[PDB]
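2 protein chains.
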Amino acid sequence: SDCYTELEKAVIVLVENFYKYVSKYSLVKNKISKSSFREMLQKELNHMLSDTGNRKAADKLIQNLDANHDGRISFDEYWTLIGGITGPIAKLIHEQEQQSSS
Amino acid sequence: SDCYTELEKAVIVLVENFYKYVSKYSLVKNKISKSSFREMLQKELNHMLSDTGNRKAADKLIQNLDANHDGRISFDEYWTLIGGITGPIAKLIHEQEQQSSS
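Note that the protein sequences, when read in sequence, are chains A and B.
For the first sequence, the working numbering puts the final residue at 105, and the numbers step up evenly by one.
For the second sequence, the working numbering puts the final residue at 105, and the numbers step up evenly by one.
Simulated from the structure, these hints should not be mistaken for laboratory data.
Keep in mind that a hint or two might mislead.
Note: identical chains are not told apart, hence a pair may lie in one copy or across any two.
Said to hold, decoys possible - Listed below are the simulated BS3-like cross-link pairs for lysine-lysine, each with C-alpha atoms no more than 30 Å apart in a straight line:
| no. | residue 1 | residue 2 |
| --- | --- | --- |
| 1 | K12 | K23 |
| 2 | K46 | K27 |
| 3 | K46 | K23 |
| 4 | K59 | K46 |
| 5 | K94 | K27 |
| 6 | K94 | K34 |
| 7 | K12 | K37 |
| 8 | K46 | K12 |
| 9 | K34 | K46 |
| 10 | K32 | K94 |
| 11 | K34 | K23 |
| 12 | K32 | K12 |
| 13 | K94 | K12 |
| 14 | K32 | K46 |
| 15 | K63 | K46 |
| 16 | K12 | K59 |
| 17 | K27 | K37 |
All chains should be built: construct the whole structure from the sequences, respecting the hints.
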């Protein structure tokens with residue numbers, strides 16, 4: 004009796020927040036523009052973004068990925084883009100759930 | 004009135020599921036063993052792991068990271084390790100919460 008850990012439902016929810024944008028197998032034959040990652044990020048990850056710098060740290064990754072990428076999408080592509088925003092604010096996140104020791 | 008998106012609380016929860024293992028700033032002077040990632044993964048991400056192959060897809064990353072890494076932990080280290088397990092099962096996740104079209 005197992006509850007499904009928050010982390011684990013969350014790895015499910017992150018996998019859906021990406022796979023919603025393809026038809027199940029379709030990583031080349033039906034796919035988004037990589038230019039929607041940086042835009043969908045301003046809808047589904049909106050509460051840490053306002054400074055706009057956190058979004059500039061998405062758009063830097065787009066161009067870095069374009070240089071290497073025909074649009075054979077990889078599952079690893081989206082995951083390695085999220086880690087380029089989740090970084091400068093990453094300390095600040097852990098410190099917001101505390102807020103009592105700067 | 005904003006609710007805090009599941010994805011976004013979940014990026015918080017992932018950031019906590021890592022930073023709980025350092026004293027806030029301490030990434031070199033107080034830090035975990037990289038051998039704890041592959042082990043803690045068998046506790047907090049337990050419901051997709053049983054096959055044990057998904058865990059061998061963690062331990063493969065550890066050895067790849069050791070060759071490059073004194074233990075100056077980055078925030079990006081943990082995040083790029085989670086993507087090495089979240090991959091072969093990644094399609095299977097998106098297919099499980101649907102289950103109605105193989």
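With identical chains treated as interchangeable, where does the CA-CA distance between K94 and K27 reach 30 Å or less: within a copy, between copies, both, or neither? Close across copies (7 Å), not inside one copy (34 Å); limit 30 Å.
If the cut is 30 Å between Cα atoms, do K94 and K12 qualify within a copy, between copies, both or neither? Intra 23 Å, inter 15 Å, cutoff 30 Å: intra and inter.
Please work out whether the CA atoms of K12 and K37 approach to 30 Å or closer within one copy, between two copies, in both situations, or in neither? both (25 Å within a copy, 24 Å between copies)
Within, between, both or neither: how does the pair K46, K27 come out at a Cα-Cα threshold of 30 Å? Both ways: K46 and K27 sit 22 Å apart in one copy and 29 Å across, limit 30 Å.
Within, between, both or neither: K12, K59 at alpha-carbon 30 Å: both (28 Å within a copy, 21 Å between copies)
Reference check for the pair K59 and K46, CA-CA at most 30 Å: within, between, both, or neither? Classified as within; 15 Å inside a copy, 35 Å across copies.
When no copy is named, should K27 and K37 be tagged within, between, both, or neither for a Cα gap of at most 30 Å? For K27 and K37, only the intra-copy Cα distance (17 Å) is at most 30 Å; the inter-copy one is 33 Å.
Evaluate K46 and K12 at a C-alpha cut-off of 30 Å and name the case that applies: within, between, both or neither. both (20 Å within a copy, 14 Å between copies)
Since the copies are identical, ignore which copy is meant and state whether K94 and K34 lie within 30 Å (CA to CA) inside a copy, between copies, both or neither. Between. Shortest inter-copy distance 15 Å satisfies the 30 Å Cα cut-off; intra-copy 33 Å does not.
Indicate which option fits the pair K34, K46 if close means a Cα-Cα distance not exceeding 30 Å: within, between, both or neither. within (19 Å within a copy, 34 Å between copies)
With 30 Å as the alpha-carbon cut-off, assign the pair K32 and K46 to within, between, both or neither. within (26 Å within a copy, 37 Å between copies)
Could you figure out if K32 and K94 sit no more than 30 Å apart (CA to CA) within one copy, between two copies, both or neither? between (39 Å within a copy, 16 Å between copies)
Of the hints listed earlier, there is not a single one the structure fails to meet.
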